[PDB]
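Submitted below is the structure of interest, expressed as structure tokens.
Right, chain A next:
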Amino acid sequence: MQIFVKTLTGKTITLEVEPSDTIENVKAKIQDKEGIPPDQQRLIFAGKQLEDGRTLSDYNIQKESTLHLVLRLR
Partner candidate 1 sequence: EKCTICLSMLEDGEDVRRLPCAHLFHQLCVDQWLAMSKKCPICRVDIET
Partner candidate 2 sequence: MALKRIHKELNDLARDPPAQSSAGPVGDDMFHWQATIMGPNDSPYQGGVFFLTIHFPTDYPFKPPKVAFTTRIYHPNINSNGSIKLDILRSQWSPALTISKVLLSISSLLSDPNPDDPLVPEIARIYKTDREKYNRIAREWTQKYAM
């Protein structure tokens, strides 16, 4: 399953994922693709910040859903 992660830049990075993937995993895929440390990734989808523990499916992320990546700069 392919999803889109939109950054503030506007750049849309694409990810191969499975609904069962943790947000943890997705952040790890984002790190793998674009080099960002997962601790400085906030993922948003449909007004919700995505919690690490939880999964793509139980945020209802589907094929071609677009997440938003904002960075925390901690």
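With respect to how the candidates were assembled, all candidates are chains of the complex that A comes from, given by their letters.
Heads up, the rule we're going with is that contacts are C-beta pairs under 8 Å (C-beta built on N, C-alpha and C of every residue); 3 or more make two chains touch, one makes a residue touch a chain; residues count from 1.
Comparing candidates 1 or 2 against chain A, the one that touches it in this complex is 2. If you check the complex, the residues on chain A that touch candidate 2 are 4, 6-8, 10, 42, 44-49, 64-66, 68, 70, 72-73.
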